[PDB]
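As a starting point, one isolated chain is supplied in structure tokens, in the form deposited without this ligand.
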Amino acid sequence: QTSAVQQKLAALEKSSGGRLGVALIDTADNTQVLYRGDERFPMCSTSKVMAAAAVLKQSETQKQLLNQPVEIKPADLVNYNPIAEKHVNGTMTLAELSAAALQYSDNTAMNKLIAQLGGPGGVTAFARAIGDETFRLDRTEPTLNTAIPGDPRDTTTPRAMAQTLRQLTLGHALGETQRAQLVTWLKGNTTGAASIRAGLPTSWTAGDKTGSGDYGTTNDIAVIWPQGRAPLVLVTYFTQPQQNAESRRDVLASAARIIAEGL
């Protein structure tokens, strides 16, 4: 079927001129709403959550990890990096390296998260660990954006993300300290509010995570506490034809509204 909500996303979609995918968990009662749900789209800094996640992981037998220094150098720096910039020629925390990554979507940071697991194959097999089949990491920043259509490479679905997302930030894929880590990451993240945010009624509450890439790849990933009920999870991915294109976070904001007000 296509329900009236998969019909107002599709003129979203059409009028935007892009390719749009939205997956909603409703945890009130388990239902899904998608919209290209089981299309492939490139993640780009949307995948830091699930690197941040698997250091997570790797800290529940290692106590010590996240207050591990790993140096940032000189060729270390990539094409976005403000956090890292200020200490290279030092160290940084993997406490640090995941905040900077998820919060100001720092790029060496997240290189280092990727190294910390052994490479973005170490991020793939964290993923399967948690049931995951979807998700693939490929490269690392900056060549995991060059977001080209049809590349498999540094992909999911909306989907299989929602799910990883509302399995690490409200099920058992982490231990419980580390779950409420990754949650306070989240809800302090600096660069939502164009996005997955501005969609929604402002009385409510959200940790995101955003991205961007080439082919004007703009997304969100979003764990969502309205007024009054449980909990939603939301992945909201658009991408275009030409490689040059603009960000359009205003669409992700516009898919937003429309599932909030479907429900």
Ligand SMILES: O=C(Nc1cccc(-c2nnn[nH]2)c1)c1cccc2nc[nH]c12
Contents of the next structure:
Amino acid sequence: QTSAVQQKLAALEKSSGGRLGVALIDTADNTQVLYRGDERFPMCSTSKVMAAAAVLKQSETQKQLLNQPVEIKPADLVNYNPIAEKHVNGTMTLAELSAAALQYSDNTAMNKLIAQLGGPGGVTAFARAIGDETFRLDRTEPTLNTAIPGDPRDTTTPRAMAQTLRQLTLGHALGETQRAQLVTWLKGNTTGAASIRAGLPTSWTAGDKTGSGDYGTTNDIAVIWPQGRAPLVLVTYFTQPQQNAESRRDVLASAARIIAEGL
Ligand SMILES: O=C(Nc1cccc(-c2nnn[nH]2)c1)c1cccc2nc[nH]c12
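Alongside the form deposited without this ligand that was just displayed, please also present the structure of the form solved in complex with this ligand.
Everything in the complex follows now, all chains and molecules, and the chain you saw is the first one.
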């Protein structure tokens, strides 16, 4: 079937010129709304959630892991390092790296998370351990954002990512302490106000992680507490046909608005 909401999302997609993927889980009733829910999209920096969560999982059996220092060398800096560049020739802890990756979208910090997990495949292994058979991380930053149409590397589907984000933030994929830390980090994101959150009523609250890459790829994944309602999990992924296309955070906002209006 095609619902009213799916029809509205299709119309948004058509006027955007790109390809839109949406997955909602409403934890009021566990129902789902999907649009291209089983198509693959480049994750870009939304993959930082999986990496940080995998390190949180490791910390369950090492109480001091998040206080562990990681050397930041001049050679480690990549293309977007607003936090790590302050610490070059010094150290950051794994908590600091997780917070920088999630809240500032620092790519050097993400690379240290990936290295802590033994490379991109360590992030995929954690996804499999928590029931996500779809997610794959194949490369480090910055090349994981190439976002080439048809390229399976560094992709997932909206359905899989929504289910994962639910399990991480609201369910029991992590220990209680760790889940609370992940939620705190997401709620403190600095980069999200133009994306999903711009489409929601202002009384609501949320935590999110954005991403962007080539092909005008513009992504956001969020856990949302609507006023007076059980929480939602929402993924909005968007990618465009030309390598040099401009980001379109407004499309994510519009998708979120359609979703919110359909509750
Ligand atoms: O690392 C990249 N982008 C990047 C770096 C750091 C953070 C983000 C980001 N976070 N939230 N939304 N975008 C995006 C990047 C790499 C290669 C080609 C790209 N074209 C656009 N961005 C690209």
